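First, one chain by itself: the form deposited without the ligand, in structure tokens.
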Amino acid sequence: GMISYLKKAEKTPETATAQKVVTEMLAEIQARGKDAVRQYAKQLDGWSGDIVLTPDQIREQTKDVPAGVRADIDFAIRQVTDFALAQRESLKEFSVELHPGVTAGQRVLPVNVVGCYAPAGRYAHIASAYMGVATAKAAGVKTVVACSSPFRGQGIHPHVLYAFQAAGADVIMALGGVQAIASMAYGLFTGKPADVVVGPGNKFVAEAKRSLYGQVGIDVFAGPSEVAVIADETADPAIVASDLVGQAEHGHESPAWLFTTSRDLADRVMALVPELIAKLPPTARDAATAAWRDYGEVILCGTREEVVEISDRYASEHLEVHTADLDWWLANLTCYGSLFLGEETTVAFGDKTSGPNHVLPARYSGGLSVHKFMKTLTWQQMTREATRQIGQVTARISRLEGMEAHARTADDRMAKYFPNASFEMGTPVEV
């Protein structure tokens, strides 16, 4: 019954002045198209060079990326690709017979164009650059357009650019912020408007994606990196603490949660975390100090079932499980971004997918995966014979609804397909 907070969030988790800026910028971009984008690039980034990169510029600007660094990025990207490919196979097409003579089915096809944004900020994961691109390509999307702002006057940060290329981007553009999102959405420079745009950004990028796409633009986890660990008495406190500190270095708002049934484990982690932080270099130390302090939580529960309940409520983007009987946890947890089962894997090793935007005040729906880039289209087809029954039912129900024209769609078919037969087609609507 009694859940026990050994450590509480000492601060609670947003002005929408982004709304004005985006409205204004989109208005301008709708008006002047490429020239407004190019001018925004100049005013905001000081950029005067080419927007669309050529295959030669790509090779040139990545030439100084060493083989060891390239092989590591290649490896990381392949982990994503291999999972996305398997996931693509998990949504099947089918046909099914319903009422005899009725056939219906689902087609599954990738969207035509996906735009991928990489903010390439100072403290960014390279995975932010390749995850969208790799996933879209593995979904079968035919055109992936990738944007990242110029790094230091030369062009796109070379690692981000290498990642874009290695992940299979079809077009790469040196563009940042709202004007990148808008250029992708409207198909500026390529003539290929994006069916969806993905990629983490500041509140302006978020707001442009919302404005242009609605819910499908804001249904991916955004905001400070999270980590949660479920642990029982078998868990190693030194590993649990390390993992929490791992994402706490992201910045002062990064939440780090431990859910446990072991008082002993909770106690040791709570003591270990500050010690681990103190041994980080300055930027990380200061970042994690604040993050652990204001957003770090430790929750001791009596039973496994209560852990599940609170974990499902918190719905961490990244959820590690360090327990005996891992099968039970996979079977019983229901809300999270992605699950890391067992001690061996860990959050830093990387996501296969990105979870939904669970911190939205729809919380379970969306995320970055192949499913985001797939359409399911439904169809039906009937023999004449099938309509004998369905025509009747439609006419009658229709006339009960007062939908006289609907009914005649059925009358006309009944007349045409069964000329020498009469049917109870309902009493016509006079009103």
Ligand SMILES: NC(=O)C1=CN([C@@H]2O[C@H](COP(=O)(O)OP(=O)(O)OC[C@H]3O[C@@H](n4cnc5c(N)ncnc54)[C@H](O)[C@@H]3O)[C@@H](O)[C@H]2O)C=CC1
Second form
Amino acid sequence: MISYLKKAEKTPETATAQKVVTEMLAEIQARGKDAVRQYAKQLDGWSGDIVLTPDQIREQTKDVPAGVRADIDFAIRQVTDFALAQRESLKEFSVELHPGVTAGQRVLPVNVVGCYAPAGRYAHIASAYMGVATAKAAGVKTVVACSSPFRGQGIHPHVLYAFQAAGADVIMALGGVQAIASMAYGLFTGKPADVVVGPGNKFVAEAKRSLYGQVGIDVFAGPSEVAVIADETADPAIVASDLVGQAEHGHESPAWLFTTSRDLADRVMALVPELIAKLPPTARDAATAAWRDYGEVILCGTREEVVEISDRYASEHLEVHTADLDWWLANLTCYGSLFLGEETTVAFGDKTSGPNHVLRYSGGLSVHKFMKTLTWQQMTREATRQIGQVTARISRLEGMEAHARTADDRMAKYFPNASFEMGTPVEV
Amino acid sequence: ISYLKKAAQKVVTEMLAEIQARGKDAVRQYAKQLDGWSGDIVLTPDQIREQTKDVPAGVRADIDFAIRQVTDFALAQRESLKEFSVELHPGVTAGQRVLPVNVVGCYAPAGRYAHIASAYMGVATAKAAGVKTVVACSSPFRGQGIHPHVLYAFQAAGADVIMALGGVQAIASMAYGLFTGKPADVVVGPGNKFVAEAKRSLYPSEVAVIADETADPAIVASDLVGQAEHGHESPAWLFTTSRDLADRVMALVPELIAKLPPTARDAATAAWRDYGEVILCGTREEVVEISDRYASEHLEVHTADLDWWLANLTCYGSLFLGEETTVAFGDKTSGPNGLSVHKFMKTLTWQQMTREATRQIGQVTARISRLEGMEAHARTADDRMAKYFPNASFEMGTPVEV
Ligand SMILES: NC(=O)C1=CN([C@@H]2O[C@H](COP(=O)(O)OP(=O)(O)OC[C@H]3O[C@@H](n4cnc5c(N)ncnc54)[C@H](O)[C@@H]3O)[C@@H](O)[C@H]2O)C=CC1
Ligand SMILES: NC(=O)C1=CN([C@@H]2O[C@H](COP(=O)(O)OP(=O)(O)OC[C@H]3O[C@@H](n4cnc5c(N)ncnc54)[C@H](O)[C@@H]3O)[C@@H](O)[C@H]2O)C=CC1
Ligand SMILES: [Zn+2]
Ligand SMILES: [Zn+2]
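For comparison with the form deposited without the ligand, would you give the structure of this protein in the form solved in complex with the ligand?
Let's see the whole complex now, leading with the same chain.
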């Protein structure tokens, strides 16, 4: 019953990014800080200090009024509070296996996280604090935050205030590849980043990919998304407002509506252009192109079919304006973050960032990105009695005589007056 | 700290391009051109039973035991990532689901000089994770099927589908879901470089020993020798505070190598020479630093105060704490190449709010959005405020004009 009442009237890289990064990294590897400063001057026209001091942080944010600060403080605490809860959800343990064998999981934060904040125009303050706040909540002891200098004065003061309030340990006025590489190689700080996070342009993305591989492109990149699942009980005016909400980001921001209600679909399709029409010019232009080219509406038969299509689309941000929200929570399986019910909405902000599904399911920005699970094992002598035998035999069946001797040596040492079937030794 | 001792992928684009277009046909085509395979790819309960009747009860009991040492750990590790609900700001509920992925592909090289553990580690781990479908591939052996040891392991580990199939054909089959109609959400298993770039496009061995003066240099030597015999590119490191032990070990390794059988003797000679390393350190604190920088896939710890090392070491694949256990007894997991239950599990986060909560959250959002010049965002807050609090007048920020 899947019917595209409105369809994607467009489709979603370059080697250009690769060239620059490779050349730029090669150079920064060679020259270090001097190359970084040079790129800063050539690219950003910047000649100031790189590492901010407590005083310059305090000075450059002194015109941010108490009311703006209080709001950012509030938004940041939300992220922190979810992040602390999420950290407690990954436990350490030990377990007895074969008698005399103990095995376990240690859980520890990485030492150093680098956070980049694009601090351009059409970017949320949230981008500055989400990485930093999450890393600190994870228990990462050192967080380096970078953002390109805004208009010659330094870091955009909101971004800078957000860095400080979120708990960044070191702040640096650097943009682009040279920021990513400095954080990665530990320039200016002497603490190489175990991971680097944060959105940016193709160059920042490519820099992360090159330096970190899979843990550098596993967080949601590209333009802002929004998906809404809605049945007959949903309110079309709200639904349409929520799509238009993320569509003002730019001309490539996808806004999807999956619904089991033709009536809703029709009303939303009608309401959206009216709402766009009443935006201020910048947003009006952004949203028109955004909805025109990338807006989709999918009428489905049953709930199950909505689950299928939503899981396929795997929206970074997914609202559920339906009855029986418990069902939808229990059945949906691929999305970035879920907004259950009408009350919450995407613009209230994420608690985590979802994976880069446009490449698939794995990664994202949460405390889990900043934590290592290490496994260990330990045995009594007694336990080896059984395990040594098995390993010797299996080893000699694999043709691994050296492996077997590791068991033989232990069997000999731990059980001197004992006979054991340790397999037939390898003669080839 | 002082160093004593020191040290195509284009057929993938085409083969995939051909499998994408032609599907199952291309896989059976590629099967005879690279392996000469005639029969169907998908085995059946009978073929699996027939082909594993040659394996004795004592061998099976060994493999079964070894799988239980993996499975039982994996089961515990699965429960270590919890689902939860939490209240933040009053009336804000938020939480985390933990879901197995749907289908995992496992690939085992049926070759010799490989561990049987290769075949069961992925399969068993995926099953303990709660994954409902595990597809398992392994390259045939001279038109005679999969090595019965690999096949028995697959089955005993709890594979749902077993497919005799190799290389890029295997990976792509599993990844597109040819023969089963079930695309794997992830594929795992060692293989050749074709296998590797096949994994890269769609989606050596090691050992280290930390030891102090209380270590038994014979055992330390033997353990280094144990994994050396894999190949000429298997590193075998020693980090120690004891020059004495450092020497006796460097002395006794060659004597153990020399006493090995033919293939293993020369395998270890190259490796221990080319890649073997030794590092003497003044303090424990120093050894931690160096171990962490190397991050061995397998790391043994033969010292006093094993707790301290458990507490302070922070980078490795698998830790073997104390003398008694040893690399050869097997991993519970694989470090980064890592393989664990966590690899096969999604977290999904969600939030829900009362109307009361949006009183404060909505007006903060409207003010921030409008500083960011995001008028439409702010209007999602406005609309909620008008619907839930009809006569309210909160500071929702100055509307954007630009
Ligand atoms: N709408 C969303 O969902 C958001 C996404 N993002 C993304 O962040 C992006 C921001 O990009 P920008 O404004 O450029 O900020 P940015 O901070 O990511 O990049 C600026 C830096 O890029 C460097 N750079 C620019 N062109 C270069 C070139 N040709 N070679 C080398 N270095 C170069 C500059 O020197 C500067 O240091 C947006 O395009 C957006 O896609 C960020 C915020 C929100
Ligand atoms: N210590 C480690 O890191 C371990 C990794 N390994 C690796 O497993 C591999 C074992 O190699 P094999 O036993 O041969 O198994 P393999 O993984 O190389 O698979 C063999 C299959 O490759 C395919 N193939 C052969 N020639 C091809 C070609 N020209 N183009 C495309 N596909 C082709 C065929 O289907 C054949 O059945 C080695 O690379 C070894 O290093 C072994 C297990 C442990
Ligand atoms: Zn937004
Ligand atoms: Zn081995």
